[PDB]
Structures are given as C-alpha cells and as structure tokens.
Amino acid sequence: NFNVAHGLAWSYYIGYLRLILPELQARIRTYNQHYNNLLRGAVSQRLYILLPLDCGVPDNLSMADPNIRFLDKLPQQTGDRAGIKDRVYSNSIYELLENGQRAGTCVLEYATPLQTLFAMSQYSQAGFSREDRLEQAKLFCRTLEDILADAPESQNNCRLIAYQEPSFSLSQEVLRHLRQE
C-alpha cells in the first residue's frame, strides 16, 4: 500500500505545513515579544515534528515523557477553508527539562497522520496490516522529507524528528535536535 503513506504525506504538506509554515516565524516572534514570560529564554524558531515509527501518538506529550511539559499556546492562525469560516490552526509550546532544569523551549507536536496509519491497522475494514504499518510510517517520513526539501514554504522553519523504541528519552532526543541549531 505504498500509496497510503504517499497520500498522507502529501495531505500533511498541502493541508497543513504549506499553510502554517510561512506564518510560523511571525507567530513565534509575536509570542516572544508580547506573551513570553519576560524572564525566560526565547521560544526557538522552527516547528519540531515528532515521528514515532511505531505510530504510537499519545494526545498528551507529558504521557510520552515527564520531562516534556506544556508551557503555552502560540497565537492562533485562522482562515476560511473549504467552507469553514475561520478554521483554527493552533500549536503548543513545550519546555524540555534536563536534570530538573529547563534546557529548551520549542513548538512541538506529533505528526497527526501517523494516527491514521495506527487506526487503519486496527480496523478490519481498512485492510491494513500491522506489518504494513511500520513500512508505511517509514515511507510517510521519507516522502515528507523529500517534499520539504523542495518546498518553498520550508525555510529553516521545520525539523522532522523520527525515532524508534526498542531506555529511550524523548526529551533528550528533542534536546539533541534543539542544540544542533
């Protein structure tokens, strides 16, 4: 089912990343100037996107790792979309703790289409096996990396974080990408 992940990666770019990435740095700048706690470090630029290859996507990031704690929302982005007046795109800011201290602050989320791969593997009517799932997750990631490599909307404002579990620290994994910038 090569075309499953292919379609989902295109949909994630077309219906989301291409719409929010151009306005993201402006939203982060607005937050850093007008809303961020005066005493804290600036929110990093770039949207950090988590890509668990096992497609396990909890809705609360603190459930994946206690060292990842919700801080605040960015200013919302709204726009008329497919007949929906003022559809809302929102993103959450997280602090990343290391040794109990805040080590980084960034806009962070899971890639939601991985939830579709997971659920399709669980619904009999989808005809999608658990083995198909890992292969489709990798293909989703590869397709997305290839799109963003060529996309004009991606201008050092997006970082993909793919990982697998076999102890693994998600916060440390995000900190490693953060510290690379």
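Residue numbers count along the first chain shown, from 1. Rigid core (definition): largest C-alpha set, two forms, superposition within 1.5 Å. Compared with the form deposited in another entry:
Core-based superposition between these two forms leaves all of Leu134, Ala126, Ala26, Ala151 but one with CA shifts under 2 Å; the exception is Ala126. After superposing the rigid core, the Cα of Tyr35 is displaced by 2 Å or more between these two forms.
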Contents of the next structure:
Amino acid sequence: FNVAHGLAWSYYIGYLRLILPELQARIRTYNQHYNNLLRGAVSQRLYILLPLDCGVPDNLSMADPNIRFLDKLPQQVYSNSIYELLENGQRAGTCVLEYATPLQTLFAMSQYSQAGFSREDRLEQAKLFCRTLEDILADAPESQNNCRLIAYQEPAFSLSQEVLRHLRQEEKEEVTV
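Mind giving me the form deposited in another entry, seeing as the form deposited in one PDB entry was just shown?
Coming up is the bare chain, nothing alongside it.
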C-alpha cells in the first residue's frame, strides 16, 4: 500500500500532461517582452519544488525571501506564476515555479489519525513520489523536456540558491548541446 504511486500518476495525467504542452508556447511569447524590457530571459521549463518534508507554504516568499513573485504567465484556465531569484538583492534568475501539490496530501495524511500514517511513512512516500514521477517524466513524450523536479531535504539551507543551481545548469546544457 503506497499512496505515492497513484499520487504521482494522478499528478502527471491530470495536471502535468495537460499544462506542459501549452507551457512551452506561453513562455516563449512572454520572453519576447521580458527580453526587450528587463534584458532577461525566463527559462522554458516548469520548475516543480519537492520539499521532502511535505511543507507547502501559501506563498514562496515565506519559504525563502530571495524568491520573489514577479508576474503571472499569460494565457494563450491554468494559473502559473513567474518568480525572480535574488542574490545580494540583485536578480540572478527568473522561472515558472510551483510546489508539487500532492505532497500536501501526504502531509495531511500524517495529521489524520485514522490513517495510521507516521512522519516516517510520510518521508518514505515523499521520496517514492519523487522517484515515481521522475520515472514517468523520463518515459513521457516531450512533456518531460518542459519541466525539472527539484527535490530537497532541509537540514536540522537556501532554497533560492538551490533553484539557481538548476537554472544555471539548464542554461549551460542549452548552449552546449
């Protein structure tokens, strides 16, 4: 009994597979402007945050003040937000970012006593979710190429620096291959 299996398949089939194809176009269009305006470029991939502690805040800035909402991505109804990543008060990147909502379900199950679902169980299933979703996106037609999973365990950490590491690696890959 592993709720993570079905959560990952549902998150892909009922959301990712539907949004990613429109996403690529929406981002190119936005980038025409963003370029001419802020001489910036928004990454073409959806960045999905996977905190293994299953903590999804109501606003990204609360999880890290260097992640600041910039703009909503326009439609060609799906809502998506562009964020800027700061270093020393200066802009270091911009991207479409959001948390994997299924993890909220895992968190809630660990607080629902009838479930018998411990924090240990929650962490094990959060990792299994990440692994399963990765497998799915690896086999998926083009859709996978439109996003990147960012899974991280916080110690007992700079989320913005983690996102920037991926964004800089993505740019490196783009120009080299």
